[PDB]
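S.K.: The chain contents come next:
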Amino acid sequence: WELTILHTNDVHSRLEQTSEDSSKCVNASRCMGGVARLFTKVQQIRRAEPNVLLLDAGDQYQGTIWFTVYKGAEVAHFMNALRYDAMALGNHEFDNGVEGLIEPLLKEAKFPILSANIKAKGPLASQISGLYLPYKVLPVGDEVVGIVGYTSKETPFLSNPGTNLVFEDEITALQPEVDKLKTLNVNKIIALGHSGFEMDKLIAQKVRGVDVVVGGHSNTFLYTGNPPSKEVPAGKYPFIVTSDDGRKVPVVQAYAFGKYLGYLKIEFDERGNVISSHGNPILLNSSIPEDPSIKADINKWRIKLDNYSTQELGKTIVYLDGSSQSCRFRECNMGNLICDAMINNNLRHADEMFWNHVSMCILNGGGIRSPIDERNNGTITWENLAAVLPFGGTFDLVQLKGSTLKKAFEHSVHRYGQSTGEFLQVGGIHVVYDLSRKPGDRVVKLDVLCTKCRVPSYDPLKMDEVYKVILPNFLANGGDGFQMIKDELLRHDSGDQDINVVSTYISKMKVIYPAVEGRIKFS
Amino acid sequence: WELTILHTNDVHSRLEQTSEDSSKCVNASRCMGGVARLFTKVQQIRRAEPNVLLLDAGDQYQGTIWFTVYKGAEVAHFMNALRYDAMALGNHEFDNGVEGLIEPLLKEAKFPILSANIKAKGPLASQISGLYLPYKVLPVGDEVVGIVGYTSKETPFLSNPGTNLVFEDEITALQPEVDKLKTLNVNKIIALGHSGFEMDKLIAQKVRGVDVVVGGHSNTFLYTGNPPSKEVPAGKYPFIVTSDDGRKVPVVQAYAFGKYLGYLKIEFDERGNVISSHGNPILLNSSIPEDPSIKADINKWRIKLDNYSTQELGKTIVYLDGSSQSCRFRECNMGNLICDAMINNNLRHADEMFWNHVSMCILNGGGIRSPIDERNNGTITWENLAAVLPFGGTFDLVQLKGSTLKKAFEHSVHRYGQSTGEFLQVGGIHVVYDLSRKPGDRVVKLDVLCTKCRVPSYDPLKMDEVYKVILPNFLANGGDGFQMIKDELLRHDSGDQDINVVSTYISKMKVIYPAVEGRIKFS
Amino acid sequence: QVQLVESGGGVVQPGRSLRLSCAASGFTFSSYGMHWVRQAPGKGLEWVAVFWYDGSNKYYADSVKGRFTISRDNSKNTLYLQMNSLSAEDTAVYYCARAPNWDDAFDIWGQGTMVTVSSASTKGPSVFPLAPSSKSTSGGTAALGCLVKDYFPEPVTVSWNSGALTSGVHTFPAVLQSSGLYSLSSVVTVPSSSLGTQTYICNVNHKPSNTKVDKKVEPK
Amino acid sequence: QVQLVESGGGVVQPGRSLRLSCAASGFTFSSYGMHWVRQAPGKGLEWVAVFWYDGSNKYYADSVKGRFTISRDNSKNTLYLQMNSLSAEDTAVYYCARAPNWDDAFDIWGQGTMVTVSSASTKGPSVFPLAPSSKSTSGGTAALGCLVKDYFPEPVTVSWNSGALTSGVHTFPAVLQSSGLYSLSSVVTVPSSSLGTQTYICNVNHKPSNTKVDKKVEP
Amino acid sequence: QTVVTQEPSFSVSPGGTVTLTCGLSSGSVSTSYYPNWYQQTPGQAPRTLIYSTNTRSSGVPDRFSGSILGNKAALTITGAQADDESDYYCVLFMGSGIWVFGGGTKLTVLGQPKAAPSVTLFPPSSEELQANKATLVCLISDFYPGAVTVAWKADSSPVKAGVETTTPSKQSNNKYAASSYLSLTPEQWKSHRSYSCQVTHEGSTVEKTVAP
Amino acid sequence: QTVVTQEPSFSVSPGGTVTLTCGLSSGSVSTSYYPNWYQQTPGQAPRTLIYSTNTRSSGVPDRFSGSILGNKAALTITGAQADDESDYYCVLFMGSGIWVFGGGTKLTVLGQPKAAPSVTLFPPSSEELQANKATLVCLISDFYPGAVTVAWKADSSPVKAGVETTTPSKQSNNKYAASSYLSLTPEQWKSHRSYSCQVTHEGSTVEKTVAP
Ligand SMILES: *[C@@H]1O[C@H](CO)[C@@H](O[C@@H]2O[C@H](CO)[C@@H](O[C@@H]3O[C@H](CO)[C@@H](O)[C@H](O)[C@@H]3O)[C@H](O)[C@H]2NC(C)=O)[C@H](O)[C@H]1NC(C)=O
Ligand SMILES: *[C@@H]1O[C@H](CO)[C@@H](O[C@@H]2O[C@H](CO)[C@@H](O)[C@H](O)[C@H]2NC(C)=O)[C@H](O)[C@H]1NC(C)=O
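If you read the protein sequences in the order shown, they are chains Y, L, X, U, E and H.
Under the numbering used here, the first residue of the first sequence carries the number 9, and numbering increases by one thereafter.
Under the numbering used here, the first residue of the second sequence carries the number 9, and numbering increases by one thereafter.
Under the numbering used here, the first residue of the third sequence carries the number 75, and numbering increases by one thereafter.
Under the numbering used here, the first residue of the fourth sequence carries the number -19, and numbering increases by one thereafter.
Under the numbering used here, the first residue of the fifth sequence carries the number -4, and numbering increases by one thereafter.
Under the numbering used here, the first residue of the sixth sequence carries the number -4, and numbering increases by one thereafter.
Treat the hints with caution; some may be incorrect.
[As the list claims (entries may be wrong)] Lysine-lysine pairs mimicking DSS-like chemistry, simulated, CA-CA at most 30 Å apart: (1) U:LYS115 x H:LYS109; (2) H:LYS170 x U:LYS38; (3) X:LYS150 x L:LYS190; (4) U:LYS56 x Y:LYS127; (5) L:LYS518 x Y:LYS161.
Just so you know, these hints were derived from the structure itself, not from any lab.
Given only the sequences and the hints, what does the whole structure look like? Please build it.
M.R.: If you want it as structure tokens, here you go:
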């Protein structure tokens, strides 16, 4: 009994197509992703294969303006158009709190949504009653498939679920529910959920009954063979895992950002045991045409985004100095603002627990391409920011040796002189240059925030120590001569859309007062 | 035709009685304010006079936990029990945005609520339609009295009113509407509104038809004769104002925080001309008993406050160092946190436009009486803060000469080492002590954030310059030996309740990262 | 002094567009709200539309949602109502009335104007008899008449025995059937003794179609 | 293997409290939901109450809101229902059924138990005749019978002319009137010709009250 | 949709007191619906009376006095004149623009003495059936005041479909009179045993019955 | 409260197709109400058939196949066995704990003894009136399928007061029979002209009428 399984995860509401590095689409001809594109390839498969399932494992809920505007309604009324079969809940699904999930999604969503390890108490319990289910018995062909859900116990630390929701241990809560499936003549049981590639594997091992595991949360990419883009694999697809009862349990995962659609042919015996498991995550390169009838319904909704571009987000009571002659030379308040928005945005909606304490940011002047004037009415709209951050990049998280960090800060002034926008506007860092000295021996003080230290202060940077820092993708990929980052970086995860990050910070702050406060000095 | 006018304003949700400086009630025997107390004295007057009107002019909204918890519903279901006759809208009524006014108040409120200079457009226009009115025709005895509303055009700078409300110039919008009253045989016309003592006088002058003006916003105190408490008058009550058509127009205002009830006998002719106008704002001291049937309904609601004390407000990801041996000696993150919450809280809900630029804060260690431990799901509840700030003081705004500021900072370390709580935790200041020097010549560097130097930077303090700064009331009163403030201060306005200010900042920020960042240094 | 004048809605056939005007004078038109109210003759009052003063806001009743358009012109102190896609339920008196902004009154009213929208087509009446069975009038007399159904004059004459009987006659008001066609009856009280003795013929003339029916009325 | 048994069974007078138990076996009791459903004899099914998996959540129907109290004991793999303030509309069959955590579903059902609440006194029958109207019969006959109203201990025997007529008789099921008192009829089809000729006396015996009425039926 | 329900008709002694109420089908009436009462002489532009519920308008007599009784808004006319024989409309504003009127209360004051109605019911004709139409004629005469309720019955079955009833119309003798027609189909006329026209006037119910 | 309304009874030929529907008084039935069908042998523990609306339960025959038709949840039985003659209950979960049943559909599949009913309507007795009680006896005989709807009336007016009706009960001749009582007061019996017992049986309405 062959079962073709289409799976996605960590889609981060990238509804219109992106570029290879998961930023704003540039070359129309070479762009990837899209729910327009995805629909095409899913419909192709369904019109061919007889046994198909289309699953998601969460983090569908944060990322672009799309969400910032439609706040989960865009998700439902499109996932319902792709005709998904089940979905699990994510780190980011509770970013709008329970009712920013229960109202927009769980009610408006036309397909069952699972997690078994999440239980509610008190009055929320009645309200939410059976909008989120622990398992689902999803009939395919003349057979039936069980699908059991889970969600990371890390969720309360990376989201805002209120104090009425409990997050039980994945394994604990799955076992009793998988057992019930076998209690009701369901032999064929898929696990589906958002706890991270690591826990996905521990579900394989330690949960009897479970035949297949589909996960996400960790942006990890599995490929068998030659990677079809920059995506570095970290295991074969599927990833076989030796269970304790002694089964082969295939664990899968698409990258993220709705770039790759998961594709896995699973062949079963008469009694619900995995015998064969082969396939590779279908990349959505420009050679798949975007479906027209969806690209229409995209541009129908595009209009309410344009409307939001001109709406007042909040107000400044100070000039936001973003001019070349400011941010490219000395410490400008705009930089200080952005960096603060980058970090703050990260500590509410953290991607994984590895980044939930990130207090360091850097930003090249050559990404700050406009100031914002207060004189008018103090008003700040999206369009304002588009002038500041027109590159439509992202804010990515990188782990970096102090040695590497020092190097880049010397390359901040090695060729000082004219515009050369490599000068770094910092956040969670105190730096001092002495310009008299030799280019590449000018940083005289560099204190950084050590949060993995009881009460966090600025302690001088050690060249041995490893440092978890946020910065633009422009810099993670060695923009303005920063080859030393792209090379000597230890971890790199793509984050949310640059403009979207500020526009949120400003909305939730409502009044900004970004000052120049002596992060950067001379002598 | 004699007409007694009872008026209040800027009550700042001080529902239960306070002390003279508008803090937590301490000496049961000597306390003032209260809606319990107020009810008593109003019932006494209604049982005496035949022609009574009980008006409010806004800022009823922001203040204590009371609001932080019931968010305007406490206001309605009490003002409705006091049986108010009319009310105007305030700087602070839009602090919860339109829905935090339209839901709790404008729906639940059982009495007419006016402002004529506020015009709504788009879809809000339909929703809000006639829950807030421009004018009201209130029949008293056998005659009829017109009441016109207004609200400061500066409201969008001191609140969050949405972008669908417009604020027309008070005078412009009143004149055409006062005329309509005379169009409908209303001769006797009261103006009632929250634009500030200044505009109230310009309404008298420049708006024909208007007989009496009742305002607030400025907290200004008018008394004829000997003030019965610390309240410094700034004019006689009523304040006569020569109109342009050449009439005498009495302009009134009780001191803010529901301390004084306004009391004004106005005698009219048979065609709506003010002939006599005498009276003085009744101070509500403890010799007026608190009404029992209200003090009951107060303690009925007391219970849902206690419930909110234990609920998680938000989370820290750092230790909040608040121990005596930290905050009384060196720069502690708790202080930095509080100061930041004090300033931030002020620049959303600013009392007047004079304080929308406040970037400077100071706080004695002897107000920080506990730390807050994380690692316990990182949780921070109200009760946590009660341990930190048990004094139930306020954060007040003071204008101060540089000379005076320097003096107080030397009194931070004059006889240091024991420091019975004199040491200042600063915000929006860089200070540096050299302890080797003479007590009262130890501040070697003092750079402060400049109020409108274009782009806010740290410029060295000039002793000639005047500085608008927030600090606890304990210090505005010269608590731990700061006689230099109480004496040489230029302006002093009471702010909101201390604990309430943090609990909000934490709620709205959701994740805090208060660092020690070198505001205070040594050598 | 302060006054509202409406503008002539005459008669029109279903579907046609029709614009209505309301000339105001003797107040700051600029300031007050301005409504339309209709009144189906004999029926109650119905709210139609509204335009407030500050401009943005124009509201309609679910009965005329997007069928009707209201428009104020302060340049010309006149209120307008665009009535597209008319029907018979729109047949009514159309008043424009001011509102002061305060306690949301309806102050001052117009004399109003008439909107009659029908399938105008001038029909001769169907005439039928009415059975004089002695069960309406006391032991001594009986009641009998003739029914004049479906006609499009308002007016129609009814005599008895060529108008040689005015004694006991009680002709009634015309009803306006939902088809926009009138119908009435005309009864006459006569003695039981003259049922078998005397002949009663009701005579209808409706000069607006020149149809002149003369139906005899006998018992059964 | 898996089943649910219930306890209750008895009859009770209106008002009194009554406890119901449901002994489960052959599954992770710990995991499943657990409901109560009632069925008024002859009438449809009505939802009563529910207890979920972890305890926190118990819900009741508007019909038994706070009149009824449900309690689960996983320590003892048994479900309980406390039924205070009973009446006649509670008279019904009471099933406990398990629910898998799916659509909060209902896969397995119990045998069920009977809840009869009446004043329930041991009654004599009121007997009345039934006026032989020719309005049911055509071929020269008419239908006539006798009504046995308001009685309690089922059964009741019905003969005709001391049981000397079994031919054409159609005695009916008893109805259970909302008062918990039975009532029935017994019809017999006979020829018109025997009006003045033959005598028809329906005979009732109800040995549970020893009431033995024998009423004649005339036009 | 929501119906504002106010008494259909009222009668008062001159110099007497009468109260018109005005309720909402779904919910209570409070002040925050801004009640509002009007006098219409039927076929003249309705004069404003009371806004706010309590406020009288410029030059409104003091005898008229608005209030709220429990669930309903009210209008008390303390000391009726002959001037007060008019139709009285209540009306409430449920915001968003939405204004809804009442059915209207017709207030009759003394003129005549209170004469009960005279109902003459006719069947559909010998000849009418043959044209495939079938019309029940019910005539009313000689009643004061001029406010009647026209109920039709099929046997003991209400019909409100295809019933047309004229406006009451003062006769040649200053008493009121009105007709009521019921269009039917020859089937409906034969199918049901007897049809009835039920007229009620100041509680004084009058019926007549006809059958094929 | 909200009523789940499903067909009161159905008949099918063996090896036939039949669909039971199940609708909601106020609003549509969607998937997100989690429809659910049960088979009850009269007097037995109801066995599951289908949950989710579509999903068959463990060991449910493939002939049974759930769906949704417009407003109503549905159950299609493609290829009926004689094994299927029982009562079928639909039931939905509108969340918050709220679960609500259907009235139940009685499905008959016998092999064609198919006979319409024999209704014998009796008045209250010579003697019964005199005891001050007054009971209308309506008897049913010799019908199959054995599913009847007993409507009562007076002069074209429905009565919902004091009606008691037995469960249909197979006779001595494998055809079904049931009684229907209507308890009344001697006033109500004399007040109305005639009372009627209306029995409807596979669309075959049978009436009888009695009066003093
Ligand atoms: C609460 O407030 C009332 C009103 O102010 C207080 O009553 C007032 O008390 C003051 C001070 O005792 C009185 O002023 C004094 O008047 C006497 C002559 O009567 C004069 O000799 C003193 O030098 C001083 O001027 C004031 O007259 C009096 N007013 C009334 C209403 O009698 C009351 O004492 C206050 N209670 C407390 C405990 O604060
Ligand atoms: C889109 O992806 C497909 C699959 O990787 C590309 O097709 C492959 O192209 C390479 C290089 O020419 C070949 O070696 C593979 O054999 C091809 N695979 C298949 C199955 O066709 C395709 O060229 C890509 N298109 C673009 C323009 O990126």
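S.K.: Does the structure break any of the earlier hints, and which numbers would those be?
M.R.: Violated hint: only 2; rest satisfied.
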